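Coming up is one lone chain in C-alpha cells, specifically the form deposited in one PDB entry.
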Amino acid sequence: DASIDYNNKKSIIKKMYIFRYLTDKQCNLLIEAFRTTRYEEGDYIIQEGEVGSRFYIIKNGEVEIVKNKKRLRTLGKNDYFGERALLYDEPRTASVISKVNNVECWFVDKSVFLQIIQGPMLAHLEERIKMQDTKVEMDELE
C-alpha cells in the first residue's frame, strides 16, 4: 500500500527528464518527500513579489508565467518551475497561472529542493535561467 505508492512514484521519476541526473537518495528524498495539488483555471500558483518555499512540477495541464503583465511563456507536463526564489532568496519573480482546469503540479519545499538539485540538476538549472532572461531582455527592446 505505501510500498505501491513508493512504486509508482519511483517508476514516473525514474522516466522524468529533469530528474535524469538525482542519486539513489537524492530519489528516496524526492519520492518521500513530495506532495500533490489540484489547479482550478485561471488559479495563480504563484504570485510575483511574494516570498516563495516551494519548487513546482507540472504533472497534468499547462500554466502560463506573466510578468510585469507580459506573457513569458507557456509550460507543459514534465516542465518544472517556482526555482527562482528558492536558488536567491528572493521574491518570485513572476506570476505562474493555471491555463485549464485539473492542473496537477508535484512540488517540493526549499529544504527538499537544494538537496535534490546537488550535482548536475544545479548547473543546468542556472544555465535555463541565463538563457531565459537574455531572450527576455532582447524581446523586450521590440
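For the two forms, the rigid core is made up of the largest set of C-alpha atoms that agree within 1.5 Å on superposition. Numbering follows the first chain given and starts at 1. What changes on going to the form deposited in another entry:
- Superposing the two forms on their core leaves just one of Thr74, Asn60, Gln115, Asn101 with a Cα displacement of at least 2 Å between the two forms, namely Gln115.
- Relative to the superposed core, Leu87 undergoes a C-alpha shift of no less than 2 Å between the two forms.
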Contents of the next structure:
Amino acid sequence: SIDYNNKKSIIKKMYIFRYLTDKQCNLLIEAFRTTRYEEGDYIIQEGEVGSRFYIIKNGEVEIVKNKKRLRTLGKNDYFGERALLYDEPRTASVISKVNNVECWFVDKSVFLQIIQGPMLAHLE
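Please give the other form, namely the form deposited in another entry, since only the form deposited in one PDB entry has been shown so far.
Below: the lone chain, stripped of partners and molecules.
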C-alpha cells in the first residue's frame, strides 16, 4: 500500500510517463522494484549500454564524468531515462553518495513490453 502509493504518486506526475494509459501506468508502478546501494557504489557506469531507469527513494547520488562531479540528485529525483528508448552507451557515471541509498528502478525490457501493450492484437 504505502510503497505502491509512494511510487504511484511520483510516477504518475512524471513528464516522461505522461502519455501512458492508467492501465499501463499501473503495470509500470508494479514493475518498479527497490534496489539498495552503499557509499561509493557505481549505480551507472559511463560507457556501458544503459538498460535501466532510476527514481531516488532514499539518499543522494552524484553524476560523475572524467572524475568530476556534475551534480547531486536527491529524494524523488530520477536519472537514466534515455535508456528506456535508446540503446546507447551511458554518457556519465552515477555514484551512490551515501550509505543506505535506495532507488526504485525498472529495466527497459519490462517497460517496452508495457509500451507495446496497445499494439497487441485482440481476438475480437
